Amino acid sequence: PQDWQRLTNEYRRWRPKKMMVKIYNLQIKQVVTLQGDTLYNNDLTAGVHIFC
Amino acid sequence: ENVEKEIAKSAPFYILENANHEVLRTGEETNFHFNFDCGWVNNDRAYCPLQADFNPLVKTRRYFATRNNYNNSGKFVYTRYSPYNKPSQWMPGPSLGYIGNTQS
Amino acid sequence: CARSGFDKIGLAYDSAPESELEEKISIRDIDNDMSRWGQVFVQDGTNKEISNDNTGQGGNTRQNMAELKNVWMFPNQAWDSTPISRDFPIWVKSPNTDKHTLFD
Amino acid sequence: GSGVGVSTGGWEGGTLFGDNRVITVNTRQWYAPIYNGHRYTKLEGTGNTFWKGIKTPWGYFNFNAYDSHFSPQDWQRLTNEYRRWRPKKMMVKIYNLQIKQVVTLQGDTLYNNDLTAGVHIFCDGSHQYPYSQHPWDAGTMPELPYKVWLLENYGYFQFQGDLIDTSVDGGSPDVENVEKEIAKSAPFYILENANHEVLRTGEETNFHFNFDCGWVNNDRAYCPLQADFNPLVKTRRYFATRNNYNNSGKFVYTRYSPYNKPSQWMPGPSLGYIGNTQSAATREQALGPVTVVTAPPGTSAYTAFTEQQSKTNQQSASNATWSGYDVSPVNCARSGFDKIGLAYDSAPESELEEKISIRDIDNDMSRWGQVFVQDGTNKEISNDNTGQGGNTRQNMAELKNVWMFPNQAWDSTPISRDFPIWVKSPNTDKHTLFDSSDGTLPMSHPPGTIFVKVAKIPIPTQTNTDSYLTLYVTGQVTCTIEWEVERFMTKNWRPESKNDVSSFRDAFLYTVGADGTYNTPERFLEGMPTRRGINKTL
Amino acid sequence: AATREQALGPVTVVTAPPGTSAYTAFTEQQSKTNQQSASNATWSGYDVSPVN
Amino acid sequence: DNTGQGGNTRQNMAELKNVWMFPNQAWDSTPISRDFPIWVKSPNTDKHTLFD
Amino acid sequence: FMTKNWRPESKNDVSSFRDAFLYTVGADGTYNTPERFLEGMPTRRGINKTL
Amino acid sequence: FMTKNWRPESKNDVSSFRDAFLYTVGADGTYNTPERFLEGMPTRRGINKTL
Amino acid sequence: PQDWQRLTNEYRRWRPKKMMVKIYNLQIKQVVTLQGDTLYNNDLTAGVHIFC
Amino acid sequence: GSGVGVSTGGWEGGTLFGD
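Chains as they are written, first to last, in the deposited numbering: chain A, 105 to 156; chain B, 209 to 312; chain C, 365 to 468; chain D, 34 to 571; chain E, 313 to 364; chain F, 417 to 468; chain G, 521 to 571; chain H, 521 to 571; chain I, 105 to 156; chain J, 34 to 52.
Hint data in this document are derived by calculation from the structure and do not stem from the laboratory. Cβ atoms here follow ideal geometry from the backbone N, Cα and C, with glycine treated the same way. Just so you know, nobody snuck in bad clues.
Selected chain D positions facing chain G (Cβ under 7 Å, derived; list incomplete):
| hint | residue |
| --- | --- |
| 1 | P163 |
| 2 | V208 |
| 3 | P220 |
| 4 | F221 |
Straight-line C-alpha distance at most 16 Å; calculated EDC-like pairs for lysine to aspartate or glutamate:
| hint | chain 1 | residue 1 | chain 2 | residue 2 |
| --- | --- | --- | --- | --- |
| 5 | C | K412 | E | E340 |
| 6 | D | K126 | D | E236 |
| 7 | C | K433 | D | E340 |
| 8 | E | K344 | C | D417 |
| 9 | C | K457 | B | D245 |
The following residues of chain H were derived to be distant from chain G, with all beta-carbon distances above 12 Å:
| hint | residue |
| --- | --- |
| 10 | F521 |
| 11 | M522 |
| 12 | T550 |
Work out the full structure: start from the sequences and follow the hints.
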């Protein structure tokens, strides 16, 4: 909210130049129900598909 | 010859597994760069109507026509605009006066 | 488009995602920019229909002025795009069609 | 070398016609009085108008007209010999400055020259100050090089009287009152914030400018957009015809005539509104084809009510003239209405006679007289099969209002010798196609306005009230514009119509009379308009 | 209509310069300009098709 | 008046037969058959709108 | 922006907001957002543009 | 200034002025000046300073 | 007023660094009363004392 | 150059905001 306020108050116009996105610290968790309870344990060697 | 039969035939179906893309694990990361090509976003306002910007201190050179007798024998009689009312060449921007349906 | 009189009509939106507590619907009321117009009126001639004879007095009454509700694109039009709030979309996908008119 | 007793320059003038360039040098004798008593004051229009603005202790050089730059013959030779022209670069030179003091020693007034008095000269090239100069203003450079030119007082719009009206009382701040806000956010400009020169009699100054602009086309189309084709070949296209006037009907097709062929080229835009002629006695209400009421959403302009459909403040068409500003002419590509929009006088400050000239003559066939649209059969269809016709139906209608549409091509209005050259294009984000029905060339950054005021020399007073010394500035200004031109070439066999004087109705014109009154055209043809004889293959 | 050379088309355009009188023309008394009836205009004018 | 019930009936919706050029319009040109003309002469006029 | 305007421009101050507690969390953690368009700090407020 | 503050600061907008016509000349040329301290745009308004 | 507003809104603190004053375009006028009227005529070779 | 009839300076004004 302040970056917006300071943007609109101090500047005549703006446009984006270039964007950079970074997807990192990935963590893949498995959901298993051992009993009535649900427990969340981390399964290594599971992949995630990412497509731009 | 059935055209609706054809629309359904020529409708696409897309699958994202045709495309080359990354498969990552916990240790891996990825990033993407993009370069915008775009117009601006203007933060400043006009304080004046498009047609109101002129100098009342000078008298205009232009006259406006007036019909006189309301019949076939009539003709336009011309008289000078007021300094405070001057014609303009700048039209209003486009608009559609339809407010949308509120029928409940 | 360029009519600011109707700013209140088109856009109404909520900031709060996934909040069933309250609507909090915000509508764009405030535009002080004078390059956007409230109304446009067109006036096509005298206020009384012309008599077909020479001499004679006026004729049946006639509608001199009218509001133009629908203003399309025309030469020498200049206006300003709507003021945007903090929560708006930045960009929109332009279609991949062959022909495009002015982007506003 | 330099000083009080050597001139800074000399009188330059004339014209140079060339193949690719025309250079018109013009010098005038000008003077600036003390405007408004050296004070900024709120300018309010008398009568009924809501225009409100500032009156400024400044005056300015307005170089925008053709007749100021070209003589009557330079114009004639321009329009006859050249296909198109545009300005390239302008250079103005303000020199031979002389500051005189006005003192009344007795009943008589005597004019004695006070050295060491300055003059402020400011060219706004960035347009940081309101550009209030309008085309079709009477304060441009005189067409007669021997007439002295009184600079015009500068002033600018500030706020709209009926958009500051409601509940603007200053008892307590109303942040939700929008009209209270318009008045708060209205600007106020002072030309003493800007860096500018102060000159004395020995000093001079000059300014250069580089135009970036479109052209001014002097050639006419002899053919309608849709009439250019070869009747010797038969067309391949057929036109549909309904047969039986009922549901069982269908279109039956038959070939166009060789002499009637369809076209892909639409008529250029036009608005069929001729403006209000009601015999209204108020000159300051809006009489114009399109009057535009600018009001922000929350504001109430003059007498306004809420339309209950949209629940927004709106005005009656009669009240809107109070609150709004007309645009004329709107006819654009329709040449049928040429007579409607423009009427103007050449003669400045002459109370002798009106001499109002209206643009009657346009021979250009790329501009259309009327457009008719015809939507189907002349009789309504019966809902049963078989049956005969139905209730009568209106087959054809005139389209009065033609907006912008794909495949439109037209030509701008022919301009006379005395028109404005350019017009300020607004600094708005969005613009459509530039076509001015007054023929002007809109430019993003036109030549920067040159402002002049006379330095304020105080008079000591016991009462300490403001008292200034009464004195004025006279000088010489040389405006030299370089024009980019194109000579025409044609394979046409027949002779073209050249703007001869033989077509003038008045024999003695562009010449002084017995008392020195310079006789000017009262007609549009006598002003030697463009687009006369030079033919343009469509 | 049996006449192939009259204008049958969505938009028929009568090009006449201001002072001219095209075919059978009358003066509209509002603008005092020569105008034509929609039936006569087909004689004097040129259709554009298709306008869709 | 305030309160009250409705009023005279009103036409809510209508077909727009004539759609002129307006901002944010995007469309595609007509499909052409094997036998069409390739090109057309653009007029030598000063002003042109969009070519479709 | 750069301007020769003398008078002060309208800057999107919070003082014009109707709700005092806004853009801040509450007792239960609910982040209070604007329900009005002015409280969303729109553009085109005070910066004047010579026409 | 630089800040990590999330919320918008109070900026000395003119909207808080009580008198609409201010810092501008009148009909007779009288330049209208603030009669109040807020209308004189004081310092130390919105910019927050971590203690 | 706007330079002040933009100053106070956009900046955390300020102080002056260096000032430069320039006194120029000097004009010395004499006040003489030739009659009931007072007339103001410019007398060259009259000095002004300036001391910083 | 210099003398009774040439000005010693000109009107300067405005402001420049910078970082």
